[PDB]
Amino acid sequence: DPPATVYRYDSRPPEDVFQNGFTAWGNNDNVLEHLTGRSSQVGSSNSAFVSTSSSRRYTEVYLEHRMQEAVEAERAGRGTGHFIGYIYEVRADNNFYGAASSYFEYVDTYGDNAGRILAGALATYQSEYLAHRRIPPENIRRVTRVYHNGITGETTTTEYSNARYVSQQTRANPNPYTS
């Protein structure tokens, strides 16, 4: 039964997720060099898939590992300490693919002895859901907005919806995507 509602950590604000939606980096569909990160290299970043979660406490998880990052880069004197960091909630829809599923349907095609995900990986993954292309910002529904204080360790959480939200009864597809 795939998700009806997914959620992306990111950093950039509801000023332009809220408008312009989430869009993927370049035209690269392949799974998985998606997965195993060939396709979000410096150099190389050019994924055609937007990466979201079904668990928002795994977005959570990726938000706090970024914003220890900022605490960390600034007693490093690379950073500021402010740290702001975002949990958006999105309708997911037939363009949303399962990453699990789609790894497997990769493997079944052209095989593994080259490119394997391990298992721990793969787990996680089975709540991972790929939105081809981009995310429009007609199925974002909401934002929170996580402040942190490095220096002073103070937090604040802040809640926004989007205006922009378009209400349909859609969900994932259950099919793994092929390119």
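Positions refer to the first chain, counted from 1. Basically, rigid core = biggest C-alpha set you can superpose within 1.5 Å across the two forms. Compared with the form deposited in another entry:
Only one of 143, 117, 146, 50 has its C-alpha shifted by 2 Å or more between the two forms once the core is superposed, and that residue is 117. In this overlay on the rigid core, residue 68 has a C-alpha that sits less than 2 Å away from its partner position between the two forms. In a rigid-core overlay of the protein, residue 41 has its C-alpha displaced by at least 2 Å between the two forms.
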Contents of the next structure:
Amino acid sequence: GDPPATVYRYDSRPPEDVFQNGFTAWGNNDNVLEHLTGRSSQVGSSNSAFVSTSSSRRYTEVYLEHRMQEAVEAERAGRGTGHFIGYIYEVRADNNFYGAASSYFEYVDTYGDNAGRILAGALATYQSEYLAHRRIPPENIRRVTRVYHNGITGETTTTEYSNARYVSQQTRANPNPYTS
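Target state, the form deposited in another entry; input state, the form deposited in one PDB entry:
Nothing else is written out below except the one chain.
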């Protein structure tokens, strides 16, 4: 019943960056609906105040696999090399991580939605999702799984290593919804 002590994040950026610097959110837009619909992320206004994570490692693997498959399709069509490297970061959650579901229900029951119209064509999703407000320090980042895909040979290689900067502290995600 406790909030998760560990969450996961798929990101394209390599540990030389992330292990040293942590994750910082795009900007100061802490509207939960705009984030969960994807409107404030990289593909939208790139100003979200949240860093998305999941209590489900499988969720982040599916996400990684989708991006890898896009590279595979690009090579098959002559519009890419097929090369892809994706990373799944294992992260210790603390009180600055908020459950997406509870944050979403509170938000939309108060200010409402506009389904399909917040981002265009997007519904708000949130199942195993946890939102870190503004930043995840490098000290929270435990390890990474590196998935390397050779675009021409098709071989996929997976390796794992820990972050020297990780600090073992006793924390878990916030039990409460995010409120602005």
